[PDB]
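Novice: Next come the chains, spelled out residue by residue.
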Amino acid sequence: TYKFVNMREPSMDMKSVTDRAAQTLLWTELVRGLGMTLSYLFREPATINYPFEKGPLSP
Amino acid sequence: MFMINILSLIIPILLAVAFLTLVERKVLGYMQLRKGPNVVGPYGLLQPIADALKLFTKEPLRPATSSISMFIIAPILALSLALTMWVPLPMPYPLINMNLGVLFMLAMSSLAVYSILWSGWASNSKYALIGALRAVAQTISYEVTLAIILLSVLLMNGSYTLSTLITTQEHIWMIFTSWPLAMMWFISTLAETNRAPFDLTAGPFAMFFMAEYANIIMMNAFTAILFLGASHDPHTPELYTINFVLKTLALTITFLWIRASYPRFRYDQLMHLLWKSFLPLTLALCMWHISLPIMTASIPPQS
Amino acid sequence: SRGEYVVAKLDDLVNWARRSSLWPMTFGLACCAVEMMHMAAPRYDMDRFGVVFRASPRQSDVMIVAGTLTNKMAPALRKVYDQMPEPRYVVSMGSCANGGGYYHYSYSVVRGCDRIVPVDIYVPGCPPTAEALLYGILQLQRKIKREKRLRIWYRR
Amino acid sequence: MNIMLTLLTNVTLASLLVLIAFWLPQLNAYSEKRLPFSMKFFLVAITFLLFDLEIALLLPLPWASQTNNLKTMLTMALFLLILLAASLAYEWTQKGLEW
Amino acid sequence: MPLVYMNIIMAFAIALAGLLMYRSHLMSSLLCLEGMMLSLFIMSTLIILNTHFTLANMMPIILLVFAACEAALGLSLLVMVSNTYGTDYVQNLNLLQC
Amino acid sequence: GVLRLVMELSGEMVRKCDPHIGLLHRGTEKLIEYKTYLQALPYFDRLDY
Amino acid sequence: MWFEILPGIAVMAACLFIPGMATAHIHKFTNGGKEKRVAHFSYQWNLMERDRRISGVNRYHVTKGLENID
Amino acid sequence: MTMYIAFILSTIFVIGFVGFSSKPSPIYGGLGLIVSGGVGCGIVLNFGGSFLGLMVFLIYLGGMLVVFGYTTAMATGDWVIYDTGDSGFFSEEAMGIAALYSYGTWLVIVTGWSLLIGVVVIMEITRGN
Amino acid sequence: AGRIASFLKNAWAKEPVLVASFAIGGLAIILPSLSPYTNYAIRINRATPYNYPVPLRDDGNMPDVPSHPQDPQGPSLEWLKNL
Ligand SMILES: CCCCCCCCCCCCCCCCC[C@@H](O)O[C@H](CO[C@H](O)CCCCCCCCCCCCCCC)COP(=O)(O)OCC[N+](C)(C)C
Ligand SMILES: CCCCCCCCCCCCCCCCC[C@@H](O)O[C@H](CO[C@H](O)CCCCCCCCCCCCCCC)COP(=O)(O)OCC[N+](C)(C)C
Ligand SMILES: CCCCCCCC/C=C\CCCCCCCC(=O)O[C@H](COC(=O)CCCCCCC/C=C/CCCCCCCC)COP(=O)(O)OCCN
Ligand SMILES: CCCCCCCC/C=C\CCCCCCCC(=O)O[C@H](COC(=O)CCCCCCC/C=C/CCCCCCCC)COP(=O)(O)OCCN
Ligand code: SF4
Numbered sequence: 037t038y039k040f041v042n043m044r045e046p047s048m049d050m051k052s053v054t055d056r057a058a059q060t061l062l063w064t065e066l067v068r069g070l071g072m073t074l075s076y077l078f079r080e081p082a083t084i085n086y087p088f089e090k091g092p093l094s095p
Numbered sequence: 001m002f003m004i005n006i007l008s009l010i011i012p013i014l015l016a017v018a019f020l021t022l023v024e025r026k027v028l029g030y031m032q033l034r035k036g037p038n039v040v041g042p043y044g045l046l047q048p049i050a051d052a053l054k055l056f057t058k059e060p061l062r063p064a065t066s067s068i069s070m071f072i073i074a075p076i077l078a079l080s081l082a083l084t085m086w087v088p089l090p091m092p093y094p095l096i097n098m099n100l101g102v103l104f105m106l107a108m109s110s111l112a113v114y115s116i117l118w119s120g121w122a123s124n125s126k127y128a129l130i131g132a133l134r135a136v137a138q139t140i141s142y143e144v145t146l147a148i149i150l151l152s153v154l155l156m157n158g159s160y161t162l163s164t165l166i167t168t169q170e171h172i173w174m175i176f177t178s179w180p181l182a183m184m185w186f187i188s189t190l191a192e193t194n195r196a197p198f199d200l201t217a218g219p220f221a222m223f224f225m226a227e228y229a230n231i232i233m234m235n236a237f238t239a240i241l242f243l244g245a246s247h248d249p250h251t252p253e254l255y256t257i258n259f260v261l262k263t264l265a266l267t268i269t270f271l272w273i274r275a276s277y278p279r280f281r282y283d284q285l286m287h288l289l290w291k292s293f294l295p296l297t298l299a300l301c302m303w304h305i306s307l308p309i310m311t312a313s314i315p316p317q318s
Numbered sequence: 041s042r043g044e045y046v047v048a049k050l051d052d053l054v055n056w057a058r059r060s061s062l063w064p065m066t067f068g069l070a071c072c073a074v075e076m077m078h079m080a081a082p083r084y085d086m087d088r089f090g091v092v093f094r095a096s097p098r099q100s101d102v103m104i105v106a107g108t109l110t111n112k113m114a115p116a117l118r119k120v121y122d123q124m125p126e127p128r129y130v131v132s133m134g135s136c137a138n139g140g141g142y143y144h145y146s147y148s149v150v151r152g153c154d155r156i157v158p159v160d161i162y163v164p165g166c167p168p169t170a171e172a173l174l175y176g177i178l179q180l181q182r183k184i185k186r187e188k189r190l191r192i193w194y195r196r
Numbered sequence: 001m002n003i004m005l006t007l008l009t010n011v012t013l014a015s016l017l018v019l020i021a022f023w024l025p026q027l028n029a030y031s032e033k048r049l050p051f052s053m054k055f056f057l058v059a060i061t062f063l064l065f066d067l068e069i070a071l072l073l074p075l076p077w078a079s080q081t082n083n084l085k086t087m088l089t090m091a092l093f094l095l096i097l098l099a100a101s102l103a104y105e106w107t108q109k110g111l112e113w
Numbered sequence: 001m002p003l004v005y006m007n008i009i010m011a012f013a014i015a016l017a018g019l020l021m022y023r024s025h026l027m028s029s030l031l032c033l034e035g036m037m038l039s040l041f042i043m044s045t046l047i048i049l050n051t052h053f054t055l056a057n058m059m060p061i062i063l064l065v066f067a068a069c070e071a072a073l074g075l076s077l078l079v080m081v082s083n084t085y086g087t088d089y090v091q092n093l094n095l096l097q098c
Numbered sequence: 093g094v095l096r097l098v099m100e101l102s103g104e105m106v107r108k109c110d111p112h113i114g115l116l117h118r119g120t121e122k123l124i125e126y127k128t129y130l131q132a133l134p135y136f137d138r139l140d141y
Numbered sequence: 001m002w003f004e005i006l007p008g009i010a011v012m013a014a015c016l017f018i019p020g021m022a023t024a025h026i027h028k029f030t031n032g033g034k035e036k037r038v039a040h041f042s043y044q045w046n047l048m049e050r051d052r053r054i055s056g057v058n059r060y061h062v063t064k065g066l067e068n069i070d
Numbered sequence: 001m002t003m004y005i006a007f008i009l010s011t012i013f014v015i016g017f018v019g020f021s022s023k024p025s026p027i028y029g030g031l032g033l034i035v036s037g038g039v040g041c042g043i044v045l046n047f048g049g050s051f052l053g054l055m056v057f058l059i060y061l062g063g064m065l066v067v068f069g070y071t072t073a074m075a076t123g124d125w126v127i128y129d130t131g132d133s134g135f136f137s138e139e140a141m142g143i144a145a146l147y148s149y150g151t152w153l154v155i156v157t158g159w160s161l162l163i164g165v166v167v168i169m170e171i172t173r174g175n
Numbered sequence: 002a003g004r005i006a007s008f009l010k011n012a013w014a015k016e017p018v019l020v021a022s023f024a025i026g027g028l029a030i031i032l033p034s035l036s037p038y039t040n041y042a043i044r045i046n047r048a049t050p051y052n053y054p055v056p057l058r059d060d061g062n063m064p065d066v067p068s069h070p071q072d073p074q075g076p077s078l079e080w081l082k083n084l
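Residue numbers (PDB author numbering), protein chains in the order written: chain B, 37 to 95; chain s, 1 to 201, 217 to 318; chain C, 41 to 196; chain j, 1 to 33, 48 to 113; chain k, 1 to 98; chain Q, 93 to 141; chain S, 1 to 70; chain m, 1 to 76, 123 to 175; chain U, 2 to 84.
No lab work stands behind these hints, which were simulated from the structure alone. We put the beta carbon where it would ideally sit given N, CA and C, even for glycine. There may be inaccurate statements among the hints.
Unchecked claim - When the alpha-carbon atoms are kept at most 27 angstroms apart in a straight line, the in silico DSS-like pairs for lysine-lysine are as follows:
hint, chain 1, residue 1, chain 2, residue 2
1, C, 49, C, 185
2, B, 90, C, 183
3, U, 15, j, 54
4, C, 119, C, 49
5, C, 49, C, 188
6, U, 15, B, 51
7, S, 28, s, 262
8, j, 33, C, 183
9, S, 64, S, 28
10, s, 126, C, 119
11, C, 49, C, 183
12, U, 10, j, 109
13, Q, 122, s, 126
14, S, 64, S, 34
15, S, 36, S, 64
16, j, 33, j, 109
17, Q, 108, C, 112
Unchecked claim - Listed below are several chain B residues computed to face chain C (Cβ distance under 7 angstroms; list not exhaustive):
hint, residue
18, 82
19, 83
20, 86
Take the sequences, apply the hints, and build the full model.
Specialist: Right under this line is the structure:
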């Protein structure tokens, strides 16, 4: 079985065209990326305090 | 006591640049699920000092064939312009009260490209010269739209005095009156300082870095004054100073945020962006902002 | 006397400044570079030590050789080393850079990066863990702390 | 006077700091060891110059708005902006903005 | 007639003489033309400001604009000349002779 | 990794690209012939690391 | 956590507080405790010059009140 | 009288014009022209032409000399004749300059046509073939 | 009618920047001729005194010229206060 990754056709009605124009002119997806990055800023980092803390190991 | 005022304007700017770098590294780290420098000093606070001391004690690599003259003048011009570009800013009282403050600022920004041109030419390398030419072309291209947006916005002010911008925004911010020009202005300020997504390019290198970062902080301060007007009470200017500094810090952190959030343009892509999306809209909005006060009988006072 | 005290204090200040900000240029020759990219990763965070990520050769302080050095690559590595401003330190990461390693008996591999450039710290491993390379970097910092240039100039 | 004192101070501080930065590492002893001419960039520079001239024409607008002849002033300002847009359009359609 | 006007006219004459010497580098000819333009701008501005000819304040800007356009044209021509020879040397333009 | 790239361009566009490789040629295939199969196994870890 | 970015930012704020505030204080110190008089348009300059002349101490900020009218 | 600061500036202007008039190393001639333009803009600013001096400093220096250097890179007594009255609550220079839109309709028309024709001419000349 | 609408729809997609710019420019050209406040702006500009009002020598034949600013005759600025 196989899937298609980029085989979609955008709608050409007036509402969808206006939505795309609003995306182009107001940079909505750019704001989405900014919000994702901002959300990442407010969560705890993964850094450990070497050499006082050591990475996990195995026998 | 004018020398004291000049020094008290000149030294804190350099200190703020030195710590801007620490903040820049730290903000990027915490946005990347890590930390910034937190070993050199209590919270990385000594990191700028260590960086400066290391850079000033590292050997300088003079090209041994370059024009020593222009190689020395270029950082001189960069730092001089970066520090001079701060003098007419009202906070809330400018160091120098200029009638045509905004023109002086525009002229200095126009001069800014000579340092890039001279640094590229004196490098004695074809590739560095090509890079300098690309940077100069991008800078002049975006400074055109910077100037047009600036005059369009100032049409609501009545003069080129920077202090009047405080009076104009006493009740409402200028961002509400014209947000599209503000968006284009922000992007053009990003493209002017060669900041991401437009970053296509020992002692003197540190000088150039300080000049660029002072330019970043200043541009954000100018944007805050121009579009986010703080209320000023003549009997305690400290409130206006605090508001202005907070807005400038917010805009600088937004710059670092954008740097951390996006890929970068190609050269032809940003050239096309400007010349085929910003310039037509800028001209249309310039016509709109010329005609609007006449339509609404809301022409500003000063003449 | 006070003459030795002042030079000792200034030497301490310069050593602290140099070791608290090491800007490395990395030769990502081979697999070891991957572990290098894991020490700049969030867990280990080289940047928090003052070690910046991917400095340019013209303003780099320490050279990290991470991977196998071939005969076709040695002149380029030597040219990059010559370009570096002083004071410059070289770190040998992994068996391939230390002594050739798994390709020691090969016709196209330099048997150790110290045939071409002098090396300050040798980090063993195939590959050394990101923690091991961090230990090597901190050892280089301690080595820098131990040095004394102003005192030598005074006594000479 | 005051502006000249400020400019002199700025230039002097920059020069002194650059010179000390360039001379501090020069006291300690160390080892001490083409043609192409792309045309598109020239067109970019010339286009910037022409548009800069038109902005120079547009600059007196903030004071142009108090004349009592608002109709004529508006007409001429809009005419200048329209011709600026026309210059941009002509450069656009003649493939002068391509890479 | 004050001395600053004499100094500006002397600068204009020096720039014209430099344009008329023609050592090489047609770019130098363009530079001399622009220097003459700058001298003209400065002295016209001084004359107009001194006598408070309020309307004549239009005249300098206009001049500047027009002359700058000329520079662009000249620059373009230079490029094409270089595009034939690779250098802007004056002696390369010896194909036409009187 | 490490790559040398010689390319000819007419202005911005790339007219010809030519990659020069072998800067990480260690001669694994010849070294494998001197090892047993178990001894030659770890080379494949290093092939695509 | 993220508040560990606050110290350095705070320092920047202090460095950005000094210039503006300083100017204000100096304008209060050299102009007799009042705002520095701005003079565009050449009429305010004439007002300042007249103030300086009638002051008697060659300082414009020294203000002569109604007590000086006899 | 500050040692004839206007005379000093004029002398520096003439010195710079002589310096770049010899045309040595056209990049150095351009730099000398930059210095001379700065001096002349300073003369105009000191005289009282704030807008016109800033117009010189912006247009001339930042656009035209910048394009000149770019193209080159692609290749290888006073204080007496002044007035005594006042100007009111505005600056006469600004009013006279802004009168370009209300008084100078003809000037605006001809200048705009010349600039558009200049754009067309530059495109036609640099088309090539 | 149909062709113009289809052209506008095809321009609103893949070229919204130019559509918005042309709309804004056309509106800026057209609206001032239709607004009723432009005459108000002209009158506001006319009422701003930049120069000293030079008095006229009285001859007994100017009933419309006041003798004092407080006198009823002369232009009034009540409409500007109401604005
Ligand atoms: C205004 C005039 C300026 C003139 C020029 C001076 C420039 C600014 C000077 C100020 C710099 C501050 C120096 C402070 C550095 C001390 C940092 C301290 O934390 O280091 C500790 C002490 O180490 C050293 O002993 C510090 C020596 C620094 C210098 C000592 C005093 C010298 C000051 C004299 C300066 C005067 C200059 C005169 C000529 C102009 C050990 O830390 P370290 O080992 O790293 O890290 C280990 C990591 N761990 C903790 C996680 C395990
Ligand atoms: C009659 C001949 C017509 C055909 C020949 C045309 C020749 C070339 C075309 C250019 C000539 C256009 C005529 C305009 C002359 C300007 C004077 C007249 O128009 O009066 C003006 C009226 O202004 C009008 O608004 C002029 C508007 C017309 C210009 C706009 C477009 C012009 C384009 C013409 C060709 C340019 C290039 C081609 C573009 C497609 C003055 O305004 P006014 O207020 O009374 O007086 C001001 C003085 N005050 C202050 C003391 C009171
Ligand atoms: C009733 C009377 C009203 C009069 C009319 C006025 C209404 C105005 C309506 C339209 C306004 C929108 C104009 C805003 C600017 C739009 C320009 C634009 O669209 O450019 C984009 C591109 O813009 C960008 O991509 C720039 C982004 C660069 C990265 C920066 C991130 C942006 C987000 C950060 C926050 C921005 C904050 C702005 C304000 C800051 C505060 C001062 C087009 O590019 P493409 O989609 O690729 O298409 C081109 C080929 N056809
Ligand atoms: C006289 C009034 C003018 C006032 C407004 C002017 C403001 C500034 C705008 C003009 C500046 C210059 C624009 C020049 C346009 C060039 C056109 C062009 O050739 O570009 C076409 C694209 O342009 C077109 O698609 C053709 C025109 C499309 C329509 C343009 C607007 C027409 C009228 C629409 C608005 C009408 C009123 C608004 C109605 C909507 C309801 C509000 C090719 O694009 P490429 O960049 O080469 O793409 C190649 C890579 N894919
Ligand atoms: S040293 Fe070991 S891990 Fe690193 S590249 Fe060589 S074989 Fe791979």
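Novice: Evaluate each hint against the coordinates.
Specialist: So, going through the hints one by one against the coordinates:
no.	hint	result
1	49(C) - 185(C)	12 angstroms, holds
2	90(B) - 183(C)	22 angstroms, holds
3	15(U) - 54(j)	26 angstroms, holds
4	119(C) - 49(C)	36 angstroms, violated
5	49(C) - 188(C)	11 angstroms, holds
6	15(U) - 51(B)	14 angstroms, holds
7	28(S) - 262(s)	25 angstroms, holds
8	33(j) - 183(C)	25 angstroms, holds
9	64(S) - 28(S)	19 angstroms, holds
10	126(s) - 119(C)	19 angstroms, holds
11	49(C) - 183(C)	17 angstroms, holds
12	10(U) - 109(j)	25 angstroms, holds
13	122(Q) - 126(s)	43 angstroms, violated
14	64(S) - 34(S)	15 angstroms, holds
15	36(S) - 64(S)	17 angstroms, holds
16	33(j) - 109(j)	51 angstroms, violated
17	108(Q) - 112(C)	23 angstroms, holds
18	82	4 angstroms, holds
19	83	4 angstroms, holds
20	86	6 angstroms, holds
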